[PDB]
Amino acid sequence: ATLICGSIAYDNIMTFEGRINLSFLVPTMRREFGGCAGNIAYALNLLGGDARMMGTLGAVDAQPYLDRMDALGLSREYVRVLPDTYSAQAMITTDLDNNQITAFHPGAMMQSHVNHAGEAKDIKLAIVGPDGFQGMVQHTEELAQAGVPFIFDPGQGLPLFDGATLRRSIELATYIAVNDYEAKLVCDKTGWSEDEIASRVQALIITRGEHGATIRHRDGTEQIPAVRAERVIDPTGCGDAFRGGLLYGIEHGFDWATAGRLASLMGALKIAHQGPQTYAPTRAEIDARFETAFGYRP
């Protein structure tokens, strides 16, 4: 199984019909299931992987997410629901041109360190994604002492790290996945160059938006092509769908060329739909699309 550590949240995707006491009218709001862990586990589950979400919800409003996990067949064994607490929510204000500004209200995510990654059974692989700060650190420590290889994916939690804690997390990590902005930020905060970050992991994966991705590993760098999206509706969750694809690859022994292409394809499917988890390809569809884009079958 794969252990998916990160936020579990409701996303409120608010649309500003355009692009000091200033208001912006947002006539439409759409509520969606989100959170980094929920999004990545959704992607891995689409592929037929066995995803075990580890994260915290708040009892006040956890139930829809729990019912959705049950409907999807996603195990709830490491999802802790905290009494008298609200679930994390992302207030995602989006304009005309898909740019976004999020106010994230962490709620129960602030207590994510109540879950201990080192107690999880039959975990072969993990990811440590954006979450409560204490929980992110704790999971990297417990997975390393447990000998479970993990992707470190600090994402929106990067500003909670200082130099020392971020360098330590990279030492412990087996892989790192980031976008280019985040790669720069990791470089700046650690005082390490990109070469030096890459030297400390089996692979450093950098997504390049609509232009595919780069996978740097010890003796080479893979350039991963993008896949042309069928329509561009909403980027929220693209990174996470990519990461679901990448983890499926790693767990199933794919080479980096293939793992990266699968991850690129999941990103491209995601962007054609509103919200992080409303794309719903079948595994047969994913295989056919992979062949159409790349000329071979995973």
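Numbering follows the first chain given and starts at 1. Whichever C-alpha set is largest while still superposing within 1.5 Å between the two forms counts as the rigid core. First, how it differs from the form deposited in another entry.
With the core fitted between these two forms, just one of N98, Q134, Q145, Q156 shows a Cα displacement of at least 2 Å, namely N98. Core-superposed comparison between these two forms: the C-alpha position of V60 differs by less than 2 Å. Core-aligned CA deviation for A284 between these two forms: less than 2 Å.
The two forms, fitted on the rigid core, differ between these two forms by less than 2 Å at the CA of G253.
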The other form holds:
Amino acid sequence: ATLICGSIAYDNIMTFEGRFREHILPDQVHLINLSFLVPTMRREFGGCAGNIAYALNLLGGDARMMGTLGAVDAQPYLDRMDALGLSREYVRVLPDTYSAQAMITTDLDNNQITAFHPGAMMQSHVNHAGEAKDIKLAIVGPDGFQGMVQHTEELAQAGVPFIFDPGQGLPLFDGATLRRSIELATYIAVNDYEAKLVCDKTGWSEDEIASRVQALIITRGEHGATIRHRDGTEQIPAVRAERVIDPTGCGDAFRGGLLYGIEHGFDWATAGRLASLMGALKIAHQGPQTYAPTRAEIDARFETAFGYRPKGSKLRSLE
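Right, and the form deposited in another entry of this protein, after the form deposited in one PDB entry?
Left out here are the partners and the other molecules; the chain alone remains.
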């Protein structure tokens, strides 16, 4: 199974139907003033671990979320996990605490500015990744800082390869702590903005970062993604979205596809392309977990976009 470490949260998403880029005037003292009409607020199921596990589960993988929720309002999420067949073994529900809540303001370029009220996420380190059974692969996503660092150290000690996904948690890291996490990581997955921040904080170039992981994956929104590995760099195309509704959690849907590909021995071109497709399926719906394709629908859309069906290598090499 695949351990998915990160936030579990309720999201309130406000989508600007436009591009903040067109509205920023750097020469002015106020560089952006923008008001846009929204409908009634609706809470969505989110959190980085929730979203990544949701995607992995859609593909038929065995996603084991490791995160904390608050007993006061955890129930709808616990019931949703049960209804989808997601194990709650490592979902700790903390007494007399509220679950993480994100107020996400975003545009169609996925420029997210989020006011985050962390609640139970603050105690994410109560879970010990090293103790989780039957894990062959993991991801460490945005979470409480102490919990993020502990998950990287425990997984490395346990010899569980992991994708490091610092995401919205990046500001919590200093250079030494970020360098250390990358040393421990087997793969890193970031978007292009997060990648620049990682280079800046570590003081390492992308070349130096790539030298310390099996793959450096950098997503670029509607431009697709790049996967740098030992023998080359894959240029992964985007899949054309049926419609562009809400990019929140595109990266998480993508990470669900990448984890599935890695577990099943996909080559990077096909793991990347499956990931890229998950992100395009997700963007056509509002909220990070509203899209709900069957595995047969995923495979058909993959073959339409790319010309072949996605699955793991059948080469029986010596390794």
